[PDB]
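Next comes just one chain, in structure tokens: the form deposited without the named molecule.
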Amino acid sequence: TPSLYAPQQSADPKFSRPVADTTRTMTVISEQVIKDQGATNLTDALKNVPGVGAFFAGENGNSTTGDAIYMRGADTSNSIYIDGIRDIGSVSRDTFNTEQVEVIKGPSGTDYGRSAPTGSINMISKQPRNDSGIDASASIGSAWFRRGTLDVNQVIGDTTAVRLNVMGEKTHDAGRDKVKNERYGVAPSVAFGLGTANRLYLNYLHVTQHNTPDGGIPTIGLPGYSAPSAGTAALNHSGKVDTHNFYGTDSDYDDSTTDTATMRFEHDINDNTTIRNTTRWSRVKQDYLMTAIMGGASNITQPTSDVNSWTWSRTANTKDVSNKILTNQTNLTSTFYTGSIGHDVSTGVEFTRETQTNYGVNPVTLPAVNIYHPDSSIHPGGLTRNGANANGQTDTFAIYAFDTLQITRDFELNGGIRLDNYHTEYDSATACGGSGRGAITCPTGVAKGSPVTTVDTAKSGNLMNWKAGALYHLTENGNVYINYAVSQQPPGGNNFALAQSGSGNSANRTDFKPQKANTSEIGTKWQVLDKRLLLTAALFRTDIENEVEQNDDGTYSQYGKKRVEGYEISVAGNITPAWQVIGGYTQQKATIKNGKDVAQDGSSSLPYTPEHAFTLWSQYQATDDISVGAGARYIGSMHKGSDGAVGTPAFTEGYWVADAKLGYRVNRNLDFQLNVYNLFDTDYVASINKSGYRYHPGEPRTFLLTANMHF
């Protein structure tokens, strides 16, 4: 029987073997784990994979929001898929309608097309079930947290059933003042022909969010903080700022809507061969007003020489954006023999249009903020569109073919080839007559504030990616594998932006090549204790090439090289019928092989990347009524990216977070849960910005009481 903590297979038909027989660093976080841990979003559920989280706060004109996930030494936020379909938006993704999350470390261009040199994160959506029931969850937690979720599956006919997922979350912040997060969701689904060779799945998903965004707090007092100048010397002795202090404005807001319609037709030609066709329309809106703080010598105002009077400048970080994705994906999976060789083929054709428009807004001039006693009770107002927007489009036609050749009962070979034919179009304009950062002068006969185009280009290209693996069953319980993969990210692949050919340092330069990630891997997977526990161990090397670097003369070129090398181990499943365990450890060394240093301390290291990361979670069924759980996360020391800012910590120190759980069940319809997070009320640096002026403090000890009603 399969363990609830270790799902046996990926829901993606692109994966022709179970997790154990898959030649990849794959982790499947189930709905069961999320529910026991009290995880309600992607980031929290991703804590189940070591060295995966939002480790970077942003720059000075921009700050990171939502699931700004860093995995394997780089921002992987653009490589977040829902049902094997790209989902782009600096918004938090809720787990109210996801059955499982699939994480793969080590990219492959064959898997989902263009990607970050990290791997893939895939949120698998809830579909209508054969059985009927209702599931409810009411939650009350620390800092006025409230959560209500409903999961209704109802069978209508012999071959038709409906599914409805409802959600409501209204909360405050336990360790941050004025920060409020409100969201709700509806997810209706209808499936026809269940149990037959013909099936139609129709799904809709709507999420509205109204949040108060946080831009962090001053890094004063942290290890490695120095005063920026002799004039501001006092800052070396004044100490750390109160972690609760909110430096934003009472006008700060973060509003986002998510609308995704999906239509899947599945036809079983035979008990071996099946054809699928998925159509999806999706739109992610997001508009926010945020506050970034600056504390260089030129940003510090000294009214009375007493540090309690001293102020830091405020900089508005705005966003008015829409991400639209229209796609059609055809997939065919067949199992057949070619003599003594068994085949497991997965092939398909995908057509996609991705749109990103950043509606320009008027500059928001914010006043200075007191360092130790900030006043956020100010109203500079919301946003006003100025007509000067950025438009990005990407038309993508991909054709793939994957095969797992079962050579013997003990030997397996597997391959894959994909061709992505793309066309990206980019334009961006700025309102003229401005004063500050990148202000364009108004030409003749052009009235003030008029949009003046700065970029208006396009890029077309082909992307040939491939993969290869071999697996050998040592015992009936354990195997040994090898894998190699090619992944590419073309100019305009990262965020639709492009640059005019022959000039800058941009990877998005239309004359530039894509960034290639070559991944070598040797591993071992083992299914023990009646196949109820999965133990894994891999050695990896991800080489990144065609990175942009400056030549001896001012001019730039793609001679740069990076390497993310390491060791991976993982545990998932049941130890005994009452003992459940999920987790792993990673030793990942991410360095610059060729090129300029990116780390602040001039080391060859890559920033916002822990070298060592550990995550363990266990649950024991103490008695028939009492279940007890515990968790432990270690995130290592990380380098801050290089920057002109003086006296800002060049790095953040490592931290250990511990969690606990205890569940009591009354009858078989009602059960209670109590989750305590950050059990030792440990303080730490969750993330730091590029300049190094601001950091996000570690979430303090927080409680969560849940009522679980099942039918």
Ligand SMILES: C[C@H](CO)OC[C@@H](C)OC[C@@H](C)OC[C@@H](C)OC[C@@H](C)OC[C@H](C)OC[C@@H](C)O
Contents of the next structure:
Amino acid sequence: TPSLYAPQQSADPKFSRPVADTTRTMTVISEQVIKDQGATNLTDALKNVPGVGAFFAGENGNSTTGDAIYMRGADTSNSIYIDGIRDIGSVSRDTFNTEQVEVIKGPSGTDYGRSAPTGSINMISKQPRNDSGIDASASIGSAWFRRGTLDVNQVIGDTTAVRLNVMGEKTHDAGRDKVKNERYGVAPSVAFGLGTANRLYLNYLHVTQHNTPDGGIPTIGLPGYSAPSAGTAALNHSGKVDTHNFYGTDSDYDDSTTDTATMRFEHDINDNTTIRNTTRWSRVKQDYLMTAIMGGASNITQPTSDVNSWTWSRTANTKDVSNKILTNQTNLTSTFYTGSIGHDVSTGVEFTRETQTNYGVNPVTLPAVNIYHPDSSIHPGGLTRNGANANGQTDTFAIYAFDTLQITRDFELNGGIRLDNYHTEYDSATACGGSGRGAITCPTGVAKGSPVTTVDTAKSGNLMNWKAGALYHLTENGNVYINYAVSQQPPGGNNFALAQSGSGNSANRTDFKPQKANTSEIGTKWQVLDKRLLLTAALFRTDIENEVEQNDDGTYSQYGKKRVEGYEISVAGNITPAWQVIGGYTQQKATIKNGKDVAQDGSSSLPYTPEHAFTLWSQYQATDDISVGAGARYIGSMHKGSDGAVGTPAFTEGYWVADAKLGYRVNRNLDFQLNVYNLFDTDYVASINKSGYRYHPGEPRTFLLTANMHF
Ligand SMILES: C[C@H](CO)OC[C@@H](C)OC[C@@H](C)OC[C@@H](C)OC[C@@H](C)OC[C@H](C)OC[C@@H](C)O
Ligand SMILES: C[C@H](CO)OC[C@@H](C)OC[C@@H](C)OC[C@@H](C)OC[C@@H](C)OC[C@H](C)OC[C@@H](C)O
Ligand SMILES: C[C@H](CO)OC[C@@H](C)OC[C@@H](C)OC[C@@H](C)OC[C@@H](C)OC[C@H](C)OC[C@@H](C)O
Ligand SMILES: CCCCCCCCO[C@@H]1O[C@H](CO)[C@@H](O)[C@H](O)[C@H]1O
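Alt. form deposited with the named molecule bound, vs. the form deposited without the named molecule above:
Whole complex next, starting from this chain.
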């Protein structure tokens, strides 16, 4: 029987082997792991994968929000999937309706189509089970954190089950003033034909959120900060601001809703062959107003020369966006023999429509904020739509075919090919006659404030991708393997935006080529102690090509190159029946290989990427009633991107966070759980923005008390 900390196989029918026999760097985080840790959203689940987190805080005119995940050196937020279907949206994803999260490092275009040059994150949705039972949870923790979840599964006939998951969460922020979050979700589903050759699964998901967003705090007093001028020199001695200070306003808010409907048909043609057809409709809506602060010399106001009277200036960051996907996917898996060669085939076709609409809003002006005594109890405004919108649409037709050839009992080959036909359409417009960062002058005879179109173009293309691997069983517990994969991101694949062809430095020029990523991997996997403990180690290199760089004249072309190289170590499962573990270590050297350096200190490293990262979680059943857990994470130092701001830190220091846990079983119906996070109340930078004026502080020590009920 498999370990609860080491799921043996991916739920995705595109992966024809268990994790231990998959020639990929694959980590599966189970619901048991997430539950034992008290992790309630994707970001906190991903802390079980080293060097994966929200490391970029944004620029000056925008901020990152939600699951802005960085992995293998780049933003991977557009390659988060639900049940293998892309889920774009700068919102945080609750884990209440999720069975496991599958993280594959090293991109492959065969898996899910276009992607970031990093890998893939896949949340697996709960489905109705064959048993009947009720699980309920109630949590109270630091800063009046309150959470309730309910999971109900009921079998009805010989062949029908229904499942319902419900979540409610309300909290302030233990480390931040005025930041509060609130969300509610419901996920009901019904399954027909269980235990039969013909199955229907119907799913629905709704999540509503109302958060107070957080733009960060000034970087005064951090390692590397210097006052930007002689005239502001008191900022070299006035110290770090209180990490609780809120620099936003009482008008700052972040709203979203998620609505997703899925319908899955399954038909067993025989005991070896199954056809599947999945249809999903999904919409994620979000609008927010949040505060970005700036601290350059010309941003600083000095009423009194006492630094307590000084102000930084505020910039509004607004978003009013809608992301929709409609898709239909057919999958066929079959196992059969051609002579002595055994085949496990997985082939399919996908139709997809993806749309993004960014609704223009009126500019919001914010007053200066006191550096050490921010007054946030003011109501500057809210969002008013102005009719100047950006519309993106991408239509995709994809056909794929994978095969894992069993050549002998000890030697396996695997390959895959995928073809994507896409058409992308993009147009944008701005309100004319403004004075800000993207203001466009009104043309003749057009009323001031009218939507003027700045881009309206389209792009059609092909994406041909493939992968190939080889695996050898050294024993019945250990193998070795190599793997090579190609992945691409065409113009308009990152965020639907396109640029007019012929000029500019945008990777989205319709005349440019896709950014191509080629990954190589050599590793070994060992299933130890009765196949209950999985140990892995791999060497990898990703070469990224067609990056936009500038020619000797003004021209731009695609001669740039980037590279991420290193090794990966993972462990997962049971060391003894009483002792569970999960964790990993990575070393990844992300660097510019051709082109301008992008790191502030002028070296070749990529920003917002730690070079060393370590995570380890362990849980031990000390007695029949009492269990104990512990966790430790190390994130290394990283570089800020280059910006013209003067005196702001060019890098951030690595940090250690430790966690602990306690579990007490009262009876089969009731058990308690005490999680405490950042055990040593360590201070650190969790992310820095591009210019370097603001950062997100690391959360302080927090507690979380949970009551688990089962019926
Ligand atoms: C609570 C049940 C448990 O089976 O499930 C609730 C969930 C299924 O629906 C909750 C949602 C509809 O509303 C969210 C809000 C009420 O916050 C949750 C919290 C207050 O719950 C009790 C929480 C122990 O706080 C109360 C206080 C005593 O700590
Ligand atoms: C016990 C619990 C009650 O709490 O559950 C009740 C149960 C009885 O109902 C759950 C189920 C019915 O919900 C899913 C439903 C919303 O189906 C979606 C389907 C219509 O997708 C269409 C598809 C994507 O859209 C395109 C298609 C039309 O081509
Ligand atoms: C409802 C369903 C989802 O449930 O979706 C509706 C559907 C509309 O989705 C789109 C699908 C039909 O895609 C095919 C086509 C629209 O894509 C353009 C492609 C053919 O052009 C590239 C072409 C090779 O490039 C030519 C190049 C040489 O210039
Ligand atoms: C039984 C296991 C629980 C261990 C509790 C450790 C609590 C540590 O306590 C913390 O220690 C830090 C040491 O760096 C100090 O800097 C903090 O001020 C102190 O609060």
